[PDB]
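Chemist: Spelled out from the first residue to the last, the chains are:
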Amino acid sequence: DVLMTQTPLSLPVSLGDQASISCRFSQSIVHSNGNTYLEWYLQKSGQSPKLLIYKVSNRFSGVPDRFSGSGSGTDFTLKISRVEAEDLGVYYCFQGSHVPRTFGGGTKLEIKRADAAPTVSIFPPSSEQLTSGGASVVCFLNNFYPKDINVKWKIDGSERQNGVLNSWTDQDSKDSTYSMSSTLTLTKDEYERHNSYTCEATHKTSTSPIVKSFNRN
Amino acid sequence: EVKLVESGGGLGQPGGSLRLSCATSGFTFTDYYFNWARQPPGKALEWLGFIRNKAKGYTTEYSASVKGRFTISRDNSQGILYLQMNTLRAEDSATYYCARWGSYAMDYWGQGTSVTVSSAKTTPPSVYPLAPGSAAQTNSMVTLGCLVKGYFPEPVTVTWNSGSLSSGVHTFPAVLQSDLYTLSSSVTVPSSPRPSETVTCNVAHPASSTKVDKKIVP
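So the protein lines, in turn, are chains A and B.
Position one of the first sequence corresponds to residue 1 (this note's numbering), numbered consecutively onward.
Position one of the second sequence corresponds to residue 1 (this note's numbering), numbered consecutively onward.
Hints in this document: simulated from the structure, not taken from any laboratory.
Fair warning: there could be bad hints in the mix.
[Stated by the list, open to error] With a Cα cut of at most 25 Å, we get these calculated SDA-like pairs of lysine to any residue:
id: 1; chain 1: A; residue 1: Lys-174; chain 2: B; residue 2: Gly-163
id: 2; chain 1: A; residue 1: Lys-50; chain 2: B; residue 2: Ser-21
id: 3; chain 1: A; residue 1: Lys-44; chain 2: A; residue 2: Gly-134
id: 4; chain 1: A; residue 1: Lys-188; chain 2: B; residue 2: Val-212
id: 5; chain 1: A; residue 1: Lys-154; chain 2: B; residue 2: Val-5
id: 6; chain 1: A; residue 1: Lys-55; chain 2: B; residue 2: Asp-179
id: 7; chain 1: A; residue 1: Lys-147; chain 2: B; residue 2: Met-141
id: 8; chain 1: B; residue 1: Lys-215; chain 2: A; residue 2: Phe-214
id: 9; chain 1: A; residue 1: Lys-212; chain 2: B; residue 2: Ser-21
id: 10; chain 1: B; residue 1: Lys-211; chain 2: A; residue 2: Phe-214
id: 11; chain 1: B; residue 1: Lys-43; chain 2: A; residue 2: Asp-148
id: 12; chain 1: A; residue 1: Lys-55; chain 2: B; residue 2: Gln-111
id: 13; chain 1: A; residue 1: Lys-212; chain 2: B; residue 2: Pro-218
id: 14; chain 1: A; residue 1: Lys-212; chain 2: B; residue 2: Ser-192
id: 15; chain 1: A; residue 1: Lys-174; chain 2: B; residue 2: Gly-133
id: 16; chain 1: A; residue 1: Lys-50; chain 2: B; residue 2: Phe-27
id: 17; chain 1: B; residue 1: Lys-67; chain 2: A; residue 2: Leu-3
id: 18; chain 1: A; residue 1: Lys-188; chain 2: B; residue 2: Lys-67
id: 19; chain 1: B; residue 1: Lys-67; chain 2: A; residue 2: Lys-154
id: 20; chain 1: A; residue 1: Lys-55; chain 2: B; residue 2: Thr-59
id: 21; chain 1: A; residue 1: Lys-112; chain 2: B; residue 2: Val-169
id: 22; chain 1: B; residue 1: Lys-43; chain 2: A; residue 2: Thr-169
id: 23; chain 1: B; residue 1: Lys-211; chain 2: A; residue 2: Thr-131
id: 24; chain 1: A; residue 1: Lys-154; chain 2: B; residue 2: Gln-137
id: 25; chain 1: B; residue 1: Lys-214; chain 2: A; residue 2: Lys-154
id: 26; chain 1: A; residue 1: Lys-50; chain 2: B; residue 2: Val-5
id: 27; chain 1: A; residue 1: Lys-212; chain 2: B; residue 2: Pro-173
id: 28; chain 1: A; residue 1: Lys-174; chain 2: B; residue 2: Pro-190
id: 29; chain 1: B; residue 1: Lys-43; chain 2: A; residue 2: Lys-188
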């Protein structure tokens, strides 16, 4: 029951900078034979995982010399000694000699930029959808940074939990930002039962929640 | 010379019994362990289990998840690793990768095989225009949107003004809501072009031959 912990979950970087991801265990993962089977894999968007380092410090063939692994026993470290655009991906440490055998939650290497408040927009259900007995209120929150953001929905003041489905984009290939969509779907009846629908966004770019609202009428 | 190629992905029924194959070449299949890992949509790559080499006797190992439901096997004489998956479920939708482990860890991975586990049949998408109101949203800019819901299977192609409106567009990753997918797309245009001009979102769902063009209208 060797519980693994890889950090950080997310890692903001400016190209050219150094990165360091760590993998640590509650117990030592050294094998009876003396060896330590700690590996580091790189999985890019839509690609198969690639091996970077094996047995804690052995760089696999083809892997650039800017990638370094270290540690022993319980704490290990991957260290990109000069991050490049081509390294942006998700990094996983792995050991399969001890139960539980597994990949770490991963460390996603994203590009660092200046913070930016989200542009929020709310949209009432279309007459079309309602003719079919359903009502989806949509809220867009595009172009913010960091990715960390919390959306809350309110109907006639009370907060609402059930019926929400969110989806986020991946860091934009051009401006290093993220966007999100929050959709509240209710029955035409519920929608015609209430009048005030609010989409409230919380982001570090402000202490004041960004609120978008509309009244059914 | 070293090659591992999965196959067998496709659509499956919840409670079904699909079986994947990973054929290899260019190396002595007997001397290797073989790993099976899966990456669910949006979720993180996960390890399912492995089977040991000849020396260690072809003993398999599985995660606590696939335990009781999946089983690794290999054709030592032909060089084909197999992943028989039973009692399938929605959570089993991912891309499956096989890899060989040896003196250099998992140095060769396959290219993957996609599986989707649904009780849904082909379903055409409902397309609704998302128009603003008392405020457009942004400094002299307006954000319109298009909701594409209730379809199956992926994907759908959403376009703005037949491909004209390329800048200022965000198509968000589909989400599942009771077997079907829902997707939404947004676009930001200056307040000058809308509503004076026309903004239309084009949604194509090949699997059902649909192609809907929705005029965004105030």
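Chemist: Look at each hint and say if it fits the structure.
Modeler: Consistency of the hints with the structure:
| no. | hint | in the structure |
| --- | --- | --- |
| 1 | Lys-174(A) - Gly-163(B) | holds, 18 Å |
| 2 | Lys-50(A) - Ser-21(B) | holds, 20 Å |
| 3 | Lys-44(A) - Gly-134(A) | violated, 39 Å |
| 4 | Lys-188(A) - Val-212(B) | holds, 23 Å |
| 5 | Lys-154(A) - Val-5(B) | violated, 50 Å |
| 6 | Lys-55(A) - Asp-179(B) | violated, 43 Å |
| 7 | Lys-147(A) - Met-141(B) | holds, 23 Å |
| 8 | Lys-215(B) - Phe-214(A) | holds, 22 Å |
| 9 | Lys-212(A) - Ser-21(B) | violated, 51 Å |
| 10 | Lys-211(B) - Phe-214(A) | violated, 31 Å |
| 11 | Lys-43(B) - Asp-148(A) | holds, 17 Å |
| 12 | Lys-55(A) - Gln-111(B) | holds, 24 Å |
| 13 | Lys-212(A) - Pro-218(B) | holds, 18 Å |
| 14 | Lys-212(A) - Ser-192(B) | holds, 22 Å |
| 15 | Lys-174(A) - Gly-133(B) | violated, 29 Å |
| 16 | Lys-50(A) - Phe-27(B) | holds, 19 Å |
| 17 | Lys-67(B) - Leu-3(A) | holds, 19 Å |
| 18 | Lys-188(A) - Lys-67(B) | violated, 44 Å |
| 19 | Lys-67(B) - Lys-154(A) | violated, 42 Å |
| 20 | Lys-55(A) - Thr-59(B) | holds, 22 Å |
| 21 | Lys-112(A) - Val-169(B) | holds, 22 Å |
| 22 | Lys-43(B) - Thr-169(A) | holds, 14 Å |
| 23 | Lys-211(B) - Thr-131(A) | holds, 21 Å |
| 24 | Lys-154(A) - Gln-137(B) | holds, 20 Å |
| 25 | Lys-214(B) - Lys-154(A) | violated, 29 Å |
| 26 | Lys-50(A) - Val-5(B) | holds, 15 Å |
| 27 | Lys-212(A) - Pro-173(B) | holds, 23 Å |
| 28 | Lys-174(A) - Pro-190(B) | holds, 20 Å |
| 29 | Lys-43(B) - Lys-188(A) | violated, 33 Å |
The structure fails hints 3, 5, 6, 9, 10, 15, 18, 19, 25, 29 (numbered hints given earlier, in ascending order).
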